[PDB]
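Colleague: Fit chain A to the given chain B structure using the hints.
Spelled out, the chains give:
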Amino acid sequence: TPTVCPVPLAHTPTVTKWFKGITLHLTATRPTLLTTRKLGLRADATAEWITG
Amino acid sequence: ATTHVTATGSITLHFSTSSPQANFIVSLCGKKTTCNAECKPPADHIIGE
Numbered sequence: 265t266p267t268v269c270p271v272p273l274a275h276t277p278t279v280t281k282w283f284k285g286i287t288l289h290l291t292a293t294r295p296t297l298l299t300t301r302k303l304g305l306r307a308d309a310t311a312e313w314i315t316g
Numbered sequence: 342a343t344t345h346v347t348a349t350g351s352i353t354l355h356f357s358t359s360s361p362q363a364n365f366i367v368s369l370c371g372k373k374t375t376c377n378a379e380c381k382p383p384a385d386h387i388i389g390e
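Protein sequences, first through last, are from chains B and A. Quick note, the first sequence lines up with residues 265 to 316 if you use PDB author numbering. Quick note, the second sequence lines up with residues 342 to 390 if you use PDB author numbering.
For reference, chain B alone in the conformation it holds in the complex:
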């Protein structure tokens, strides 16, 4: 049957400010999925797993 389950909200990141870009600071204690995609024609989708 379906039901509702809880999941962690991992440590959200600190965001820098970069010229025509951005640099991030991800923190984790366990493997976690991350990804992003553009908002125009070229999706330029990317995904990754981060351990620490």
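Some hints could be false.
[To be verified] Pairwise CB distance ranges, derived in the manner of DEER restraints:
| id | chain 1 | residue 1 | chain 2 | residue 2 | range |
| --- | --- | --- | --- | --- | --- |
| 1 | A | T343 | B | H275 | 43 to 49 Å |
| 2 | B | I314 | A | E379 | 41 to 47 Å |
| 3 | B | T296 | A | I388 | 36 to 42 Å |
| 4 | A | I387 | B | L297 | 21 to 27 Å |
These are computed hints drawn from the structure, not numbers from a lab. Ideal placement from N, C-alpha and C gives every residue a C-beta, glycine not left out.
Modeller: Same frame as chain B, now just chain A:
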């Protein structure tokens, strides 16, 4: 869009542009007036708004 009017009053307006050259014409009521000036790029350069 609009504002309260007055016999001789004055107002301040907000706007945005795609160029730093603020040369254009703007219409109030049915009349219009020109507006020329120079705008500078900002310091912050990363926003999703």
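Colleague: A separate judgement is required for each hint: does it hold in the structure or not?
Modeller: Hint by hint, here is what the structure shows:
1. Restraint check, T343 (chain A) to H275 (chain B): a C-beta distance of roughly 48 Å satisfies the suggested window 43 to 49 Å.
2. At roughly 45 Å, the beta carbons of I314 (chain B) and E379 (chain A) sit within the given window of 41 to 47 Å.
3. Taking 36 to 42 Å as the suggested C-beta distance range, the pair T296 (chain B) and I388 (chain A) does not conform, at roughly 26 Å.
4. At roughly 24 Å, the beta carbons of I387 (chain A) and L297 (chain B) sit within the given window of 21 to 27 Å.
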